[PDB]
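Chemist: Now for the letters of each chain:
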Amino acid sequence: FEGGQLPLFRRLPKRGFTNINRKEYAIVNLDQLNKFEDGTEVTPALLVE
Amino acid sequence: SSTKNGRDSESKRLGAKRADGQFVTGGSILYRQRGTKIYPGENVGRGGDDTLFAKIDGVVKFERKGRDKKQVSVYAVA
Amino acid sequence: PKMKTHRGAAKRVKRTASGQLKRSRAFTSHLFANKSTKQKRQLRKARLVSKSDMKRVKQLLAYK
RNA sequence: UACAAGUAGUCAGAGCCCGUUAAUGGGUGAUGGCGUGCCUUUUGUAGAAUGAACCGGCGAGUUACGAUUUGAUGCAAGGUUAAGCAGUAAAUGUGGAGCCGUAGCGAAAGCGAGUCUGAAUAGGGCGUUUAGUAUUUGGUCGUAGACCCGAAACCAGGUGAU
RNA sequence: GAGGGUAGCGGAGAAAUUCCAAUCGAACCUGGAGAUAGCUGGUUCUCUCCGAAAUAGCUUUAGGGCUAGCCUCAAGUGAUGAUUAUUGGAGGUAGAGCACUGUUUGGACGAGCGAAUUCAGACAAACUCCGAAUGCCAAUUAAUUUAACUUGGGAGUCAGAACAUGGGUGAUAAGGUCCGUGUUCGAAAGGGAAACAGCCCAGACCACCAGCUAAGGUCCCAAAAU
RNA sequence: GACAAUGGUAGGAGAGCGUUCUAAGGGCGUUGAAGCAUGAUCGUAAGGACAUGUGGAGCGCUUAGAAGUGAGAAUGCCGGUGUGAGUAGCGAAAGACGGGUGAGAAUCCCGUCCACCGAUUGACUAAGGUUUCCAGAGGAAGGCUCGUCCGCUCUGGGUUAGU
RNA sequence: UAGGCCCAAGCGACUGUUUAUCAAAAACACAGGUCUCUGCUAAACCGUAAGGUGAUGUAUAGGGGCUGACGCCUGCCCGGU
RNA sequence: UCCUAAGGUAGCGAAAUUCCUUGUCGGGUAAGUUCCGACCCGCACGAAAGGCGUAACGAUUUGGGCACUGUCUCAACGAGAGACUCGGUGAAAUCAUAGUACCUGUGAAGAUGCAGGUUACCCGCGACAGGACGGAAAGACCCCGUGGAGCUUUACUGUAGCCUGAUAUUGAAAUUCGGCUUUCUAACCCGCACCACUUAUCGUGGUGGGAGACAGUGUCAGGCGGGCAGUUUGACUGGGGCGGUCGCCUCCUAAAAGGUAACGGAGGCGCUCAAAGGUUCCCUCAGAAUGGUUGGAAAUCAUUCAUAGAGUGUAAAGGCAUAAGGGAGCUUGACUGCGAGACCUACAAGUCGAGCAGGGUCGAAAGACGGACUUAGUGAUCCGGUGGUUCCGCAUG
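Chains as they are written, first to last, in the entry's author numbering: chain X, 50 to 98; chain I, 16 to 93; chain Q, 2 to 65.
No lab work stands behind these hints, which were simulated from the structure alone.
Capping the alpha-carbon separation at 30 Å, the derived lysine-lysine pairs in DSSO-like fashion look like this:
1) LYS46/Q <-> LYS65/Q
2) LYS46/Q <-> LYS63/X
3) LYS72/X <-> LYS46/Q
4) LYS36/Q <-> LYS63/X
5) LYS46/Q <-> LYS59/Q
6) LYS46/Q <-> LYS32/I
7) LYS56/Q <-> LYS5/Q
8) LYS72/X <-> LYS65/Q
9) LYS85/I <-> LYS27/I
10) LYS72/X <-> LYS15/Q
11) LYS12/Q <-> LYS23/Q
12) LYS52/Q <-> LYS27/I
13) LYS63/X <-> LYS41/Q
14) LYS63/X <-> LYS59/Q
15) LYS32/I <-> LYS41/Q
16) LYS23/Q <-> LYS59/Q
17) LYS41/Q <-> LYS70/I
Partial pick of chain X residues on the chain Q-facing surface, computed with a CB cut under 7 Å:
18) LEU57
19) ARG60
20) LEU61
21) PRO62
22) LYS63
23) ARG64
We put the CB at the ideal spot given by N, CA and C, even for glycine.
Using the sequences provided together with the hints, build the complete structure.
Modeler: Following this line, the structure appears as structure tokens:
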């Protein structure tokens, strides 16, 4: 906006903060594991490959 | 010279928000008023400010509360 | 070059799953003796940015 | 063409002079009807509101990097390269750091097809569509002078008492 | 007369904002620099379909913006749209009336009695014992018709005018000014009103030396009845 | 075939004309290319051909690609040419005649008369200008007219210090 | 070739200066008056450093403000600045 | 008699000053808003931004006389230069194209070009100036722009300079209570003298005098500071200025749904209540007449009529006698987490709400209670303060 009345992002308050030590995990579902044959070992070294 | 008038207030929007014989839900506003101009009938309540709302689902009927008196009712039709 | 992001807007909204924006409420900073109990209970629930305002500030938050 | 009141044309039309990209042809015009230039700006202009003497040349939405949307094409729970190396300043191989999507909710710890609020999914909010991704034609926006021409002014460094 | 000095955030002035190279309320040249301009002007080829607005809110705002209304293109849902015919309903305008609050005319009523009581006759946007014609909301009801709604790309508009009608203001003045409701112009050529945007009739795809009509007309200009 | 629709400012959407360059394919041209002029020709529009004159060496056609791609207006910029119009003016002032030169004479040379300044229109010199000074030739341009003339053109010359 | 004169009034005493190019005046200046600062590396001013003017002067001398020949004079108020 | 620091002295006065005003009287002229002399009722003279006078002076401003005259009654004639005809040479402003009449109308409201009528054969030359809203100058007057520049001040924020204190350069001795004051010389200073570099006192060095831990200079702090610099100084408005207004609530205008303007017509609000809230019981007003120690037959005693004319905390409207009006008992629901649906609406906001769960008050019970008969009593964000908390907290606690 320019001039005029107060902008929308000026009449609303700020909310929350952010965490420096935030951890994010890569999620793998059960259905995605059907590719590997039964009776085999699954390792993070194998899911990436 | 000058003047001493010119002030006013924003117009409040009262009246009948529902028509006679119209299906309404369980919280619809039927009438907005100051004081009592239309009395609550069956399945009709009253608010803080004098307003009429339905309690159940059905048609809206405006009836006669004797002489020079009025009421609105809601009947559980279908 | 690269388009810049409104830093003030990034401190007030968050993007939902369907691309909408989740905002907070106003009129809650002080002067709480001049408001009814029902008013203050219902001012603690978050809202969504309206479609009219969305058409105006969509370019401001493009990397968010 | 020297009795005539004209935005100068158009429609109708005798008379006179010629003969074509050969077609129900060309040049001129005694008379009759209709008819107050063009552009800009305005509620409204023949306007006595602005602009142009005339002719010729030059004279104004473009490019780079990002965002979104539409169409085309390749692959598909996957899609795809960057800098660098080789190669003709060459269009092609290598290069998987990286980026988007496949899962959301919460200020956060955190939980997870379910999360937050809440004593209590008791109710309510946002999710469970769980098909995208790389390039490119067109439309629009942002950062750069950003469609073009036009100030009264400000700052810095110098030149002047013929 | 000749040779010299004082330089612009500065000099000189027996003082006028006077002079400093025909220029001075702050000299000239070159750079920042294509300064900024919510302001005037200009913006180059041709055809087909559709087609506005001059409004509300906010605004250091009033000849500028933003959101909403109205226009256009594409993809979606599928009677949800408009007009009539029959019932139901909310809402006190025109008119009328004096039962309330106020105004007022003339007679009986001593407590001065045209109003402390009574009988007749009048007035009112901020009076009502009463109360239309229209307009408005619905039915899940019947004939006719063709539109409505949602999500996305792109806009323009925020100076309006006249006429008819209900009002305020003015002076029952204005081609005056501000509101409600329609038509036209705006953005509409053709015919009538002598000429004359808004009045009356009527909405131009192109061509013809064909016919019937509207508004207004038929003695001559000038087509039609002396 | 049958029906229905097609006035339009701001503005939205679609199909097209023309100019310059590039790739590929295929053509024309000294028995005459582009450009220029005329014509009574063709398509719904922007526009496309053919013939004849001039011209003297390059240029179209088809499909794609790219853009410094289209002009009547901005008191627009540059060049050319009109109207005012044979109109205003030709910058203080006294000339007349005879003889020559000459293609050409009111305006050039020679002689006579008249006229004007004379505390200056006379004689020197400082600043400033830099060859405008002299002789012999010339008449395009300069001279607010003419010119055989010139502070104008050509060719040659000219400034001498112990005070 | 070579002064027109006279009688009254307002302003400024006078001789002088000023808006080159629409104002020459009652406007500025002026001799005189008054107040105030300055004891000398003086006060005042430029540069705000050196170095200079004042001044190669010394309170009968310098800078600044206001009035403006000459004659008669110049009253009251120290709350406010 | 009131107030103040005291209330204008001497002089002058329809004045370079007097709106009313051409004030009143006298003089001057046949006739005098101008001129001179007096009066004082000085809108609004006044004593060094001086008062009252004054010989001489002035291309200064005013009023009246003599002489003179073409300044006029009232114009006429003559000379020269331009103008006019011929020969030579030869521009400019302006310009949409032009075969360019008048009257009455019409029109963006003042026509060569539009309607009706009336006049007028084609082309030149010398003259005049009514129109072509005639030609040069993008109106300096008025208004607008969140445009410039110069100037002022007790507008705001700064600053050049100036004043004051602490500290370093900065030493050495003594007095009553970490210091004040008084002495001394080596630091430092002298546009103070003599000597040398040097025929120069600019400079440097040396020798004598003066002042002296003072002054001058560096860093930090307080005060004065239009001398100077950068900016601000609102909008609506029957042009602008002046006056008035700006947010909220209740009526009329407003055309019986909702909405609807004007510097149109009327009023309020920026609170209050600890019971003036909730629940359970009980009750019905104002006014009029009559009677008795007569104050308004209405200051209280008593009777009758009396559907509202009374009350409802505060303006108005809509309501309320099933009371929402008056009285009494108990009590704190003027609670916590929510909330299907709906009204209004550009957004941000605003309004009502049945029901679910956790504590409860009153009532025998069904039930009522999330402030007051309803509608005004209110201000986004940023920043800061206080109380609580499974939250985070930059290698680790």
